[PDB]
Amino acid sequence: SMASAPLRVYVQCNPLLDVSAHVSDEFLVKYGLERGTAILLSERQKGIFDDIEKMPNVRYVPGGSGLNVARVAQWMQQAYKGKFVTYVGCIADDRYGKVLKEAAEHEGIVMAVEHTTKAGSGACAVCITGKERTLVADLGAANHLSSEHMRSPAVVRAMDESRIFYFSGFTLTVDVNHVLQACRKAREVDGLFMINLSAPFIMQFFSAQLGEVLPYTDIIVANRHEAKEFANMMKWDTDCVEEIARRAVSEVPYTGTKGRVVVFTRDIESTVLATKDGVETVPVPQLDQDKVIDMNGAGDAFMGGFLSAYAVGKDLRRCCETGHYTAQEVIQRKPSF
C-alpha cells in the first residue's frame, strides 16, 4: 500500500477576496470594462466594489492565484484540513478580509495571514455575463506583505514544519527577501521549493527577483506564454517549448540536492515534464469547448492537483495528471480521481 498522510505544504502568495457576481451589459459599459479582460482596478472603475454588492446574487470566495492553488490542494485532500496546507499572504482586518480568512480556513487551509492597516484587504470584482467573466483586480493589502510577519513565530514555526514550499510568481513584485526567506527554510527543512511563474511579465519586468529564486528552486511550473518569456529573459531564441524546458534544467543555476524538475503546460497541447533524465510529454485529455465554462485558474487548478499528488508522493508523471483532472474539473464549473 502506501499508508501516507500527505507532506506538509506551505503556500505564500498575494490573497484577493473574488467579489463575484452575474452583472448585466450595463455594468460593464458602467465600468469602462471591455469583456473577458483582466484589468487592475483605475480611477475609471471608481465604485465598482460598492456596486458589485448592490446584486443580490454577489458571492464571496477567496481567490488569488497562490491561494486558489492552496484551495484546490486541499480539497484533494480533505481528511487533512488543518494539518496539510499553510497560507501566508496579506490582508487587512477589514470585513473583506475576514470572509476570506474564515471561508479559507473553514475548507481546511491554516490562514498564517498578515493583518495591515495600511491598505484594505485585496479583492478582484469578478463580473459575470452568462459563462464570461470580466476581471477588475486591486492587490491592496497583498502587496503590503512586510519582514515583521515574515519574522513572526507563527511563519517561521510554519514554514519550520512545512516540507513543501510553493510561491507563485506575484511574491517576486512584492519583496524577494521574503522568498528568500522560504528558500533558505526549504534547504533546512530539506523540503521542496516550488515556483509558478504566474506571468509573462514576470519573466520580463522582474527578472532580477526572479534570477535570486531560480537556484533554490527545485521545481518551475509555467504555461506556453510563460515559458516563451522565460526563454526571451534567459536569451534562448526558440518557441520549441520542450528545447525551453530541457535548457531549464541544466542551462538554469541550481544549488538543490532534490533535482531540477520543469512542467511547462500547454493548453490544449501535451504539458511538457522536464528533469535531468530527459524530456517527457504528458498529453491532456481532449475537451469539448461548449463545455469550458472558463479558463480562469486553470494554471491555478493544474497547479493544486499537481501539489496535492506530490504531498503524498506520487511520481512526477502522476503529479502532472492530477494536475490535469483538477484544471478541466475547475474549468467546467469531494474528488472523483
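Positions refer to the first chain, counted from 1. Here, rigid core means the biggest group of C-alpha atoms that superpose within 1.5 Å across both forms. First, how it differs from the form deposited in another entry.
Here the rigid core is superposed between these two forms, and of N223, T134, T173, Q77 the C-alpha of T134 is the only one to shift by 2 Å or more. Core-superposed comparison between these two forms: CA of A298 displaced by less than 2 Å.
For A125, the Cα coordinates differ by 2 angstroms or more between these two forms after the core has been superposed. In the core-superposed comparison between these two forms, the C-alpha atom of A38 has shifted by at least 2 angstroms.
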The other form holds:
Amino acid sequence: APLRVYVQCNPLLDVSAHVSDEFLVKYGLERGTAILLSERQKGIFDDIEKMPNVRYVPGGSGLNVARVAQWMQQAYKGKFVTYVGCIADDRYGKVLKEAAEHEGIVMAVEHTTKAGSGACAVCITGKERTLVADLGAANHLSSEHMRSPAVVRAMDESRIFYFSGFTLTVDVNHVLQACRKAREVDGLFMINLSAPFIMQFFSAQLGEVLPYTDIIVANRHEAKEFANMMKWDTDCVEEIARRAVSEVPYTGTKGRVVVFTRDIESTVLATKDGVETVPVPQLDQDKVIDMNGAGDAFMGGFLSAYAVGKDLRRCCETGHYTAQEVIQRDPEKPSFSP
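Hand over the structure of the form deposited in another entry; the form deposited in one PDB entry is what we had up.
The text that comes after this line covers the one chain and nothing more.
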C-alpha cells in the first residue's frame, strides 16, 4: 500500500495545436520553451483556437504527475494522491476536476470567481512544444484555502509532498506551509525545477524552498540553468548534481537526492553517497509522437515507485517506463510495476 502523496500545482486546460514557425515569431516565442502569458502574447489563445484540429485536454504539470502516479497504483483510487490547486466552477474547471476524480485523485481544489480556470497554449512545431501558460484561477490559490480543513487533513495524512517549480510564481508561502508539514510528519518534500524561467526570475522564491527540499528533480536544461543561477562554472550534469547535493543549503534529515533526466541519455542520480547514472531503455524514435512531453510522466512514475518504498534507482527506472509510455501516445493499465 503506497504512502499517501500530496501534490500542488496550477491546474490548467491544455489547448494544443500544430503551428507554423511564423506563429512563434508572431507571438515572440522561443521554440521548445515554457513561459507565462504576457502582454507580448496578447491574442494567442483566440488565434490557436481558430485553427484546425485544436485539442482541449486536462493539463497542468502537477496534475499530469498526479494522474501518472495514480495510473500506476490503480488498486488505490481515492487512497493515494491528493491534488491541491485553484480553479473556477467553469467548463474548464469542471473538466479538470472530473478527469482527475474519475481517475481516483482526491481533488482538494479551491474555487474562485476572480478569474476563469487556467489554460496553457501548447504550440507544437514538429518534435518541439512551446508552452504559454495563462494561470487564471490558479494564480488566486489563497492562504485561506491552504488552512482549510480539507487541505490540512490531506497534508496531515500524506508522507510525500510534491510541488512543481511552477508553484513558486503564485505564493511561496503556500509552498513553505507544505515544507514545514513534511518535517512535522517525518515525510519527504520534493520539487521539480519546471522551467529555466523559474531559476531566472523566481530565484528568491526557489531559494526559500530549497533548504527544506529533500529531492530536486529536473531535466538537462534546467540543471544547466540552475548551475547558471548558482554561478557554478560547469555544464556537466553529473557535477551539477554533485554540487546540488552538498552545496545547496539543506536542513533535512531524510537525505538530499538530485535527479536530472537527459531524454535518451542516462538519468543522473546523486546523493551524499555519490553520483550514478541510470540508463534509459532503447526506444525506436519513430514511436515517439509529438503530442505529449515526458517530464511530468517521468515524475509520476518516480513517485509511484517511491511511495511503495523502492530504491532510488528503481524509482528512476519506473519514471523511464511511464515517460516512455506517455511519449508514445498519439492505455488502460500499466505493464510495469515498481
